[PDB]
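As a starting point, one isolated chain is supplied in C-alpha cells, in the form solved without the named molecule.
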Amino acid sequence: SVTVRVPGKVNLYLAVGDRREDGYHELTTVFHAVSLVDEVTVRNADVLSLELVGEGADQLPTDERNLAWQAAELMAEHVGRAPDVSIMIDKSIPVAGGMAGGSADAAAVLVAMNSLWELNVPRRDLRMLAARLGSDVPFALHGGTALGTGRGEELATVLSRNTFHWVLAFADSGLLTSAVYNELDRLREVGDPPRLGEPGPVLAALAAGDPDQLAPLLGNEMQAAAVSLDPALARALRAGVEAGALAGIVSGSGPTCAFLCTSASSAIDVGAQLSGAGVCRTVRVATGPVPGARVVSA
C-alpha cells in the first residue's frame, strides 16, 4: 500500500488577456499550494476501483469521469500494464471548492502508482503525463509556488524565504468559469475594469517571505466579473479584511476567497470571525507554500 499527500491550490495572481478567437483568453497566473490536502492510498487489486471519503465525497463519480480514475489508466498505459489498482481518496480539499481538488487527486495517483509499482519514472515524466490529464494537474505535482506564463508552458519554480498564512472561505454554490469569462468580456466592453500589475513584483514578495509586501500585489482580473455576478463576494472580502486579514481576493473564477494574514495567530482569529459571521459555507486556515504530491506512507 502507498499513500500520497497532495495540496489544493490558490491563484495569487491572475492576468487575463483580451478575448481573441476562437474566443480564447491568454493567461498568466501565479499558483500557490496550501495545506488543505487530499491523501490518496493505492493498493494492488484485481481490477481498477475508486472510492472517496470526506465531506463532499458522496457527490463525486467513482468511474472514468473522475480524473483520478483517468490518471490510473494513463499511468498504466504509459508502461504497458492494466490499471489493476484500488484507489482510496481521503478528501479534505473542499468539493467543488475551486482549489483543483480533482487535479490534486490525479497527480497523487500518478505518484502513488509510480511508487507502488516500483517504476520510479522521473518526476518530469509524471508532469508530462499530468499535462495530458488537465491544466491544473502539473501544478499539483509541482507544489510550492509557481509562475505559469501560458497554456503549454513549463511551470517556473518560486521558492519562499518564509511560510505564509491563509484563511480560505468557500461558498455553498460555485460560479461557472464560462459565465465569469462572459461577464469579464462584457465589463471590458462597457467600461475599464481593474488591470493587474506585472508578475515580477509578486514573485519578489513571495521570495522575500514578506506578507506585508505581498498583500497589495495579490490580484485576480476575474474578480471584478465574479463580484459583478454576485455582489455578496465583495462584502465577504471586506469582512475578512475588517476581521484583520492583510488582503483578500477571490481565487480563480470564484466564488472561493483567499485571505492573506500576518501569522498563524491572526489567521485563526480572522477565520473564527468569518466563520461566526456566517458569510460563507466553510472557513479553514492553511499555510503555504507546501510541497506537491508526495509519498507519505509506504
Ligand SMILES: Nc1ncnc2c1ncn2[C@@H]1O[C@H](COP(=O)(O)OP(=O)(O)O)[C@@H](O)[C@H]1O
The other form holds:
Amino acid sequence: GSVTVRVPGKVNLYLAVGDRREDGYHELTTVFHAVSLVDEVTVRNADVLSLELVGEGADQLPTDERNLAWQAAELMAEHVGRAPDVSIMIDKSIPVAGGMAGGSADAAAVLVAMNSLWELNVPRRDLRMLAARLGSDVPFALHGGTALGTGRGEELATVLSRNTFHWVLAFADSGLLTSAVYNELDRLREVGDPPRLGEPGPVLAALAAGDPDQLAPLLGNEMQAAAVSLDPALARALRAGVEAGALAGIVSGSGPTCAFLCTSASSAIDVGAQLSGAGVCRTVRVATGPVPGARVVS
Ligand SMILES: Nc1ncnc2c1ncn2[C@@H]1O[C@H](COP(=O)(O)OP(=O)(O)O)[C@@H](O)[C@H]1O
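Would you generate the structure of this protein in the form deposited with the named molecule bound, following the form solved without the named molecule above?
Next comes the full complex, and the chain you just saw is listed first.
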C-alpha cells in the first residue's frame, strides 16, 4: 500500500528582521502564507530508503542525504526506533530555488506520509519537534494555512481568513543568496534608514477579514530594500505587476520571488497574462491562499 501527501509552498506576507547581534543572528517575525502551488509526495514500504523526484526542476535536486526529504525519513524512522525502510517519490510543482521552501515542504510531507503509512500516529507535537530539527521552514510546511511566527523554537499562531486570497507569483531564474541579502540589509541599516515595518496587528486584521483591499498596502518585507539594492530589476518588476492591475506587489522573503495580491481569480489571470507578456520575470503563475499544510490525500 501507498500513501500520498499534498504539501504547499509558502510566501511571506510580512517579514520584520531584527537588528544583527552575535554571532550575527537576526530574529525574525513573519506571517507565513501557504499557497496552492504544491508537491505530492508518495511513500511506500521498501527494502531500503530510496528517493526519486519528477516535475519541472526535479533534475536539479539531490536524491540522497542532502535532500531534506531524505533527512525527514531518517529522523522520523529514528524517532520510533525503526529503519527508514521506505521509498519516496516526489511529484514537484513548487518552483525549485523559488524562495517558496519546496524542500522544507517535502520534508514535512515525508513526516506525515510515514506517520500514516506505518499507521503510527505519532502526535502532532512530536512531528513539530522533528520539523524544528529539520530546518526553519519545515514547521510551517506541516502547519500551513496562515500563521504568525515569532522566532524559531516558538510556536506558530494560526490566523484564519474569512475569504481566499488571489495571487500572481513571479519568479526569476537565479535567486539571491540569503547571506548576501542579510549582509546588504545590515549595510543599508549602517548608512541610512530603509523601510521599517510596524507590528503585524493590521496585517492579521486584514487577513482575518478576507479583505484584499485592506491587506494590500500592509504587505511588507524588511528584506525587500536589500534585495532590490542587489537586484535593481526587482523594483521594475514590482511596478510592472501593479501597473498590470495588482493591488500591490512585494518580494517574498529573501527574494527574488515577487508576490502580487489581486482582487479576484479573474483579475489574477489578467495580471499574470500581462506580466508574463511583459518579460520582467522568468516565470509567472497564479495561486490562491491560504491552503492546508501537509496532508494525506490518498
Ligand atoms: N540551513 C539551511 N541552509 C541552506 N538551505 C536550507 C537550510 N534549511 C533548508 N534549506 C533549503 O530548503 C530548500 C527548499 O528548496 P526550494 O523551495 O526548491 O527553494 P527555496 O529553498 O528557495 O525556498 C532546499 O533547497 C534547501 O536549500
